[PDB]
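Supplied in structure tokens, the structure appears directly below.
Omission of a single protein chain aside, the complex is shown with its protein chains in their original locations.
Read from first to last, the chains carry the letters A and B; within each, the first residue is number 1.
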Amino acid sequence: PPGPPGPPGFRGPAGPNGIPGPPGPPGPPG
Amino acid sequence: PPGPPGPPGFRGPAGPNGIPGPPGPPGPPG
Partner (left out) sequence: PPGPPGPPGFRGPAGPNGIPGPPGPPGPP
């Protein structure tokens, strides 16, 4: 008869870093 | 004469969430 299933796969990799945030606020007067 | 190998193993679990993204661009001049 066929053998048993192989063992489980490793956990997947981390997801990508988040995308950058939006632009910052306007600078101070000057 | 020996039996066939079993099927492939169960796929692994998903990886962790990625890390937070970087700051956005500097804001407009003040």
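Basically, a residue touches a chain if its C-beta (ideal position, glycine included) is under 8 Å from a C-beta of that chain, and two chains touch if they have at least 3 such contacts.
Undergrad: Suppose we count only contacts with the excluded chain; which residues of subunit B make the list?
TA: Counting only subunit B, the missing chain is touched by 1-30.
Undergrad: For the chain that got dropped from the picture, name the residues of subunit A it touches.
TA: 1-30
Operating definition for what follows: only the chains that are shown with their structure count from here on.
Undergrad: On a C-alpha centroid basis, what's the spacing between subunit A and subunit B, in Å?
TA: 6
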